[PDB]
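K.L.:
Next come the chains, spelled out residue by residue.
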Amino acid sequence: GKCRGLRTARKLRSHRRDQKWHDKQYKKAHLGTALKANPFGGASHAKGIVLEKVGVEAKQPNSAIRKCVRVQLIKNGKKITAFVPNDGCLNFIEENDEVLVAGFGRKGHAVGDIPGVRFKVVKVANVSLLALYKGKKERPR
Amino acid sequence: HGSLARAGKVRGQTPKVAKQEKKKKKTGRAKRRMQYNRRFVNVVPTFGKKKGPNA
Amino acid sequence: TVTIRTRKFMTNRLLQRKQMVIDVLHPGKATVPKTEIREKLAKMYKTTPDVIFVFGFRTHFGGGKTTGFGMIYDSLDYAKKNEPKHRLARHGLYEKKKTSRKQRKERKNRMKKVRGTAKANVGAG
Amino acid sequence: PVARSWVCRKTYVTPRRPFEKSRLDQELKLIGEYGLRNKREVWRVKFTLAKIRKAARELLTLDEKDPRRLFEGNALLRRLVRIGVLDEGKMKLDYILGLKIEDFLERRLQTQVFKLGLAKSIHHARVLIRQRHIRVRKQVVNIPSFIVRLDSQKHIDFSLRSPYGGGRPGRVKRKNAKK
RNA sequence: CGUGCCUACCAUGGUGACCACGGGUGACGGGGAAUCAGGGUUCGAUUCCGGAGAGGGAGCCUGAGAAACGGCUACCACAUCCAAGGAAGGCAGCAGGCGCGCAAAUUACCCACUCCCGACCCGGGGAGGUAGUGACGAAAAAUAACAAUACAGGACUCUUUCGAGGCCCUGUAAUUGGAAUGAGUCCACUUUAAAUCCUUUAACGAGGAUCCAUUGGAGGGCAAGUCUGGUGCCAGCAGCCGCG
Ligand SMILES: [Mg+2]
Ligand SMILES: [Mg+2]
Ligand SMILES: [Mg+2]
Ligand SMILES: [Mg+2]
Ligand SMILES: [Mg+2]
Ligand SMILES: [Mg+2]
Ligand SMILES: [Mg+2]
Ligand SMILES: [Mg+2]
Ligand SMILES: [Mg+2]
Ligand SMILES: [Mg+2]
Ligand SMILES: [Mg+2]
Ligand SMILES: [Mg+2]
Ligand SMILES: [Mg+2]
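Protein chains in written order, with the authors' numbering: chain BX, 2 to 142; chain Be, 3 to 57; chain BY, 4 to 128; chain BJ, 2 to 180.
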């Protein structure tokens, strides 16, 4: 099975260094395609510009029309369909707004209800969606 | 084709309810004292099968 | 009323000075000021009061003791010699009259740009 | 550049499971029994006991005639006796692991007030040791998390204060109302 | 100065499957940091040490020490004045401004402490220290607390008690004081180069209009409601299972 001699440690580290790439997490952490292929340029948050508002559908067991925003980024310049979280907020996210986006619970997968949305809206013109939903005074219109 | 007009439908159609004037709560250690006086060896009349912290 | 006791006591005969650590007792009112502790130490040393210095006062969180550093000197000329101007400023011996930022540096710049008679006219006037 | 101080210590036990029913019941009956505020000052005592247990297991790992073990074990026994958790009896390292959680809460400031009087409802004794009314010695004690050492253990007096010292803190309001 | 460091001649060598050579590093190297069996895994630009550079990159005077840039010379990219023949520049120093980005502080004061420089006790230092923003983060820690008075929910020592409550907690928008004490308001202290903050202390300073504690949740994981009213696979909730 293994190799258990006193001078076999080079063969051991060669075998482990070869077989360590087959894990998904190691290769997505130490392969450059998860920097040159993902959005954000490897960031956590990113500002963007509202391009359009898209009503997408839910999955097959669910039945809902989810409301999302196609976001033109500032750092990279790519297009991200980002999700409108709360009950309202479609009337609070307008065209050409400074929109901060983050993940849902995982960068790789998405939410099991929405097909192709990986990211979530937090801010609208330096005013958060929690502030626009409850508590604070008025929109920056 | 999915229309975007139904935004905040339940948030609009929800009847508003005025929050009634609830008295002030207790502090940190006072709230822990209330928890120890309420939900522990202070008052336990019944049998140890069912629990009643809210009903 | 108050009680002043010196714990640590050293004598520098080179500079004709005596260093001490002063604990002032407080079972009563507030922290006794700069003048009165100095006068009581002058009464306990039985000389003229215009020569003994003291600096620093803590407070041990309600009455208790206040700890400072006292300096008994035997010559007013030695007191004027061996002491810095900021501790002469408690009695007002040294006066600088220009405690201002950028004044000396702009004088340095006016003495760095021009040279000679124009420098003595501008940077010194 | 700057050189003042850079250090960080977290006297804070963080539990692995967040919501254990028996553990929450045990920690809240501990708080309600020994008069505490929140669970981070339970985790203070738990972290100190855990660090003492780590040092005790590190000492019990070594050989018995080891001089480092003798020195550090005698120092740990001396510090625990001067705290007052141990007795003058069992000076073994296994009894240190045999210690429990509630002994440090017993040796804190409020429980010594409970055992030696002027307690009057531990929740009020918290106020009596917070406000300047219970004073271990001439250096005034203010903070309730005060490990009462065994070397003095009895000096509970107060001077220039409200109930026995003197002064009119707010009774002058009632006197001016009656006058 | 010892050297293929360089030159003339001579020999054909030297390294590599024990990974050299060739690429990338979102690579300055360490002492270290996070992570709780042991073993390990991932960062270390960052206050200490050593290296490298002062927009890119080449050359050099002086000087013991530089290929120095708060030195110079010429090129490229920038870039200020111009009265159009010419002058003048290098904040990856301290403050600050533009752009950039999810993202990071005031054109403050002082050489008072520690050191350093110079002819020298005496001058200087955005080296540093102090002050302002600051919920990166670490420690201690009020937010209404407390003892009593009275109704009862009474678990309970005890006698057919429908109580003796010298054990008791709780709903009391109920009284009562210690009128506790703190935060703030300010005199005099003190710290301090001058001050502020810490502490001492004189006087105001709580009764639900108080001096108001929020952040998430209540099907399982995962502590906690088969409560009420609307919405009726719509809105939406839910990091997965799922609900509508
Ligand atoms: Mg997922
Ligand atoms: Mg690099
Ligand atoms: Mg670890
Ligand atoms: Mg390890
Ligand atoms: Mg070297
Ligand atoms: Mg250099
Ligand atoms: Mg630059
Ligand atoms: Mg330089
Ligand atoms: Mg510069
Ligand atoms: Mg609900
Ligand atoms: Mg549960
Ligand atoms: Mg919810
Ligand atoms: Mg959640």
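Because the hints were derived from the structure by calculation, they are not lab data.
Some clues are possibly wrong.
Below 27 Å or equal to it, Euclidean Cα-Cα: the simulated DSS-like pairs (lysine-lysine) are [what the hints assert, rightly or not]:
#1 BX:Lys138 with Be:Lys25
#2 Be:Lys52 with BX:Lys3
#3 Be:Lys52 with BX:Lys124
#4 BJ:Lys139 with BJ:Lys40
#5 BY:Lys68 with BJ:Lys180
#6 BX:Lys137 with Be:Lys27
#7 Be:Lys25 with BX:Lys137
#8 Be:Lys52 with BJ:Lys139
#9 BJ:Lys139 with BY:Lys37
#10 BX:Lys28 with BX:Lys80
#11 BX:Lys135 with Be:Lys52
#12 Be:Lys25 with BX:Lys54
K.L.:
Now tell me, hint by hint, if it's right for this structure.
P.N.:
Structure-based check of each hint:
As the CA atoms of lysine 138 of chain BX and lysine 25 of chain Be are separated by approximately 26 Å, the hinted pair is consistent with the 27 Å bound. Distance restraint check for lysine 52 of chain Be and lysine 3 of chain BX: the Cα-Cα separation of roughly 56 Å exceeds the 27 Å cut-off, and the hinted pair is therefore not satisfied. Under the criterion of a C-alpha separation no larger than 27 Å, the hint pairing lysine 52 of chain Be with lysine 124 of chain BX is inconsistent with the structure, at around 46 Å. Straight-line distance between C-alpha atoms of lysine 139 of chain BJ and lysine 40 of chain BJ comes to about 31 Å, which puts the hinted pair past the 27 Å bound.
Note on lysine 68 of chain BY and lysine 180 of chain BJ: the hinted pairing is violated, with a Cα-Cα distance of about 39 Å set against a maximum of 27 Å. Taken as a hint, the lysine 137 of chain BX and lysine 27 of chain Be pair is honoured in the structure, with Cα atoms around 24 Å apart against an allowance of 27 Å. Between the alpha carbons of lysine 25 of chain Be and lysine 137 of chain BX the distance comes to roughly 24 Å, so the proposed pair stays at or under 27 Å and holds. The straight-line distance between the Cα atoms of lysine 52 of chain Be and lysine 139 of chain BJ is roughly 54 Å, outside the 27 Å bound, and the hint therefore fails.
Note on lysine 139 of chain BJ and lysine 37 of chain BY: the hinted pairing holds, with a Cα-Cα distance of about 24 Å set against a maximum of 27 Å. The straight-line distance between the Cα atoms of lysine 28 of chain BX and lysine 80 of chain BX is roughly 25 Å, inside the 27 Å bound, and the hint therefore holds. This hinted pair does not check out: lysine 135 of chain BX and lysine 52 of chain Be have alpha carbons roughly 39 Å apart, beyond 27 Å. For the hint linking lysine 25 of chain Be to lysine 54 of chain BX, the alpha-carbon distance of about 45 Å lies beyond 27 Å, and the restraint is violated.
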